[PDB]
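Generate the whole structure from the sequences, applying the supplied hints.
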Amino acid sequence: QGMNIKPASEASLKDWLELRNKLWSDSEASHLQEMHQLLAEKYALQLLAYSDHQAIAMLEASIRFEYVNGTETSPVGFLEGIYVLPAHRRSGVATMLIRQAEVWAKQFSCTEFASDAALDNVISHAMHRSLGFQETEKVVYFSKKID
Amino acid sequence: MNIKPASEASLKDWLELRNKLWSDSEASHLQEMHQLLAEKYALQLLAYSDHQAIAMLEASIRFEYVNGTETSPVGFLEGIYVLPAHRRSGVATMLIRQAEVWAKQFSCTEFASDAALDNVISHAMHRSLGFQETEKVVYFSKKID
Ligand SMILES: NC[C@H]1O[C@H](O[C@H]2[C@H](O)[C@@H](O[C@H]3O[C@H](CO)[C@@H](O)[C@H](N)[C@H]3O)[C@H](N)C[C@@H]2N)[C@H](N)C[C@@H]1O
Ligand SMILES: NC[C@H]1O[C@H](O[C@H]2[C@H](O)[C@@H](O[C@H]3O[C@H](CO)[C@@H](O)[C@H](N)[C@H]3O)[C@H](N)C[C@@H]2N)[C@H](N)C[C@@H]1O
Ligand SMILES: [Cl-]
Ligand SMILES: [Cl-]
Ligand SMILES: [Cl-]
Ligand SMILES: [K+]
Ligand SMILES: [K+]
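Just so you know, the sequences run in chain order L and D.
Okay, so the first sequence: first residue is 1 according to my numbering, each after it adds one.
Okay, so the second sequence: first residue is 1001 according to my numbering, each after it adds one.
Simulated from the structure, these hints should not be mistaken for laboratory data.
Computed, partial: chain D to chain L, Cβ under 10 Å: (1) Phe1063; (2) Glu1064; (3) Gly1068; (4) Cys1108; (5) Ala1112; (6) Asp1114; (7) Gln1132; (8) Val1138.
Every residue, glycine too, gets a C-beta built ideally from N, C-alpha and C.
Pasting the structure below:
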């Protein structure tokens, strides 16, 4: 319908920032430096969706060559994050973005698209299932300093 | 006891420990193992008691995003298997120590890992090995395809 999706760019950095920061909180300067890197990374995809003149959603994805939990192939496409403004969550925009993300990943001859979500974000689990993802594994991460 | 990297000569020693940890065909395991042997960013250690291989550890340097970490790249613990009769031996501590020395050659400052959510045994082990929990997540997949 009345929506369009385009890759993010320098012209749309402000739009992308607003949405990105609602998903992952950080300083503008930190987000912005990261976003410029992503623009120059061929294995990253960053899409915005518009309704009228308004940015309403964003998707970020990557191509992962390192092992991803739950997958059977490598490389795979990987959903790094998706955010749709609350008032626009009944528009199928998230489906439209994932579809375009899959077309992108196919260029790399990927056959699987993987993703993850925080264990307690059960709403996001429901959203993944609506987008056609099936749960593979639940895991707990650990870390330690060596230096 | 004796900890040494896997080699073309220890490939079967490695395989019959590896296949008890991760499910794959022998053919898939071996093709992967050969590649892993040549990869500078992949570690594979075996431990030997007398002359039996009684444990293995695999690790890597991960350059892509790792949940819960604060730096990148990072060392990453991919798996540890110990034969049941040696699980009270402390061999896993000795393997992890060596894996840290290995990761330090790259100026890594952080060593990460994960475990299945339902593998409470591995959770204890990670803590015993000096790791602290960071994040819990659920993975998903769909065919494109
Ligand atoms: N989308 C769901 C996922 O969100 C996060 O991962 C995501 C990270 O939070 C993202 O990191 C981003 O957000 C974090 C803060 O959360 C910033 O510090 C960082 N600079 C910024 O790039 C990173 N770029 C992508 C990664 N998939 C969770 N760690 C895991 C969760 O399943
Ligand atoms: N150590 C704990 C982890 O074990 C597995 O990950 C591990 C994977 O199972 C390992 O993959 C192995 O096992 C998978 C099957 O599980 C095979 O497809 C693959 N070819 C084979 O190499 C892969 N090479 C390393 C990865 N950390 C679990 N998916 C996650 C768990 O936290
Ligand atoms: Cl989440
Ligand atoms: Cl549901
Ligand atoms: Cl596990
Ligand atoms: K890009
Ligand atoms: K190696």
